[PDB]
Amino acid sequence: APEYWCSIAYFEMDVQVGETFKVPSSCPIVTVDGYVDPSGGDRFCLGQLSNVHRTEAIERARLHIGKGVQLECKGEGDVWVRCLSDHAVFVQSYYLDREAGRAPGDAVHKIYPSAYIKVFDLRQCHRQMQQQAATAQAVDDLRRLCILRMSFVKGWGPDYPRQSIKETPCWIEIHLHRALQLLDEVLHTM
C-alpha cells in the first residue's frame, strides 16, 4: 500500500538539516548513522551533511552518533528500534508511553546500547486514533500518534537540562506512512 513505509527528517536543535529521507517499502530495515555514504536507500547517513548554523557542541555530539540505530518495520507497520551505537538513544513513542503506564506524550524513553525494542504497534495505533477521533467528535494531536522522534545523544525532558527535543544537538522525526493512511481514512469518517 505505501510506497515508502516511512520518511525521516533530521534536525540539529530547531533546524532541519539535509532533506527528508524516504524509505521504500522494499527496505524493511533502515539504518540511520553518523557515517557519510549519500547513496541512501536503506541507510540514511548524517555525517556528510552540512549545516551553516552548526556549533562545536553539535559537532561534538554528532561524533557520538556512530553506528546509530536501525528502524525496522515488521508486518504491515509495526516498528522496532535497534540501538547500534555505544551511546544510549532517547525515543518519544506513544506505544512506549502506554507500555510504561506513563501519561500520553509525558515520557522520553532511554534505549540502551545493543537494545532491540518495539516502539510502535499499528493496530494499537489504529484503535487509539478511532477512539480518540470519536471522542473528539462528541488533527494535530491525532497525527502525533503516527510519529516517532529520537534524539541521538542528549536526553530531554523533566530530569534533564533540556526542556524539549528541539533543544538536542541531533535528532530525527519519523513519519509512519501506513499509520497516516489509516488516520486519513478515520478523518474522512468524521
Given for the second form:
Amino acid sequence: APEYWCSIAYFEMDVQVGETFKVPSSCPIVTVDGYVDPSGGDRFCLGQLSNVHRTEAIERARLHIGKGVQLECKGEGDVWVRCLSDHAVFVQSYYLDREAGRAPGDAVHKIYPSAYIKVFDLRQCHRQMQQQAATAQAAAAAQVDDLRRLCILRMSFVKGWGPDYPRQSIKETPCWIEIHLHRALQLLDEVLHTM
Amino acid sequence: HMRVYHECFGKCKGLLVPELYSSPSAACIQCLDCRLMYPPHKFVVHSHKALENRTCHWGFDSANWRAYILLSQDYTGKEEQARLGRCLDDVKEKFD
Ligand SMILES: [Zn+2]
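Return the structure block for the form solved in complex with the partner chain; the form deposited without the partner chain was the one displayed.
In what comes next, the whole complex appears, and the chain from above leads the way.
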C-alpha cells in the first residue's frame, strides 16, 4: 500500500538540511552516510549537503559519521538498524524503551559499532496505538500527534543526548535524522477512522 | 607506537604497543590513566570513572572490539595518520 515505506529528514542541530529523502518499498534497506553520491536511490548521502548555519564544530561531527547507518524494513513494516560507523549511533524508539524495561520515552539507546538491532515492531505499535487511543476516548467530563510519536524514529549519529551527556535533546546534536514509518502511519490513520 | 582510544561505557585512551601483541590474550594496550596493561578485549570494557549508566547499550560485544578501538584523533595528517592507521589494521588482522 505504501509507495514508500518511510521518509527521512536530516538535521544539523535544529535546522533541516537537504530535502526529505523518501525510501521506496522496492528498497527494504537504505544507507545514510557521509560520502559521495549526491543523488541517491537506496543511498541518502549527507557528505555533499549545504547548510549556511553549519559550524566548524558541526563539520567535525560530520567527518565521523563514516559509513553511517543502514535502515532495514522487515516484513510488513518492522525496522532494524545496522551501525556501519566507527562511532555508535543514538536512537530514540518506543520499541527499545520497552524491550529495555524503561517507561515510555525515557531512555536513549546507544547502538554500538557494527551492531544490528531491531528498533521498531509494527504490531507492537499498532496494538499500543489502539490502547492509548481508546485511553483518550476515555476522558469523560460533564457538569492525535501523541500517536505519531509511536510511528517515528529519531537517531543521532555521533553524539548521544540525555542524562549522561552534555546535550538535553536530540535537537542539540550536530547531525541526526527523523524517520517516519509510513505503514505505521497508515495504521494511525486507521486506528482513528476505525475508532 | 600506537595512540589508541575507545568510546564504550565511557571512553578511554591508551597505548597500543604492537611488539607486545603476540597472542590473543596478550595485554598490549596500556591505559593512559592507570598505566596498566590491557588485552584488547578487556581494554574495551575499561573506561575510567567515565560512567554512562542511564543510557541503554545495545550490541556491545567485547569480541567485537576490532570495531571499537580507534586511532587517536591526533591528526598530523601527512603519511603518519595513514602509516599508523595501516599498522592498526595489521594489529586487528592477526588473531583474526
Ligand atoms: Zn585505566
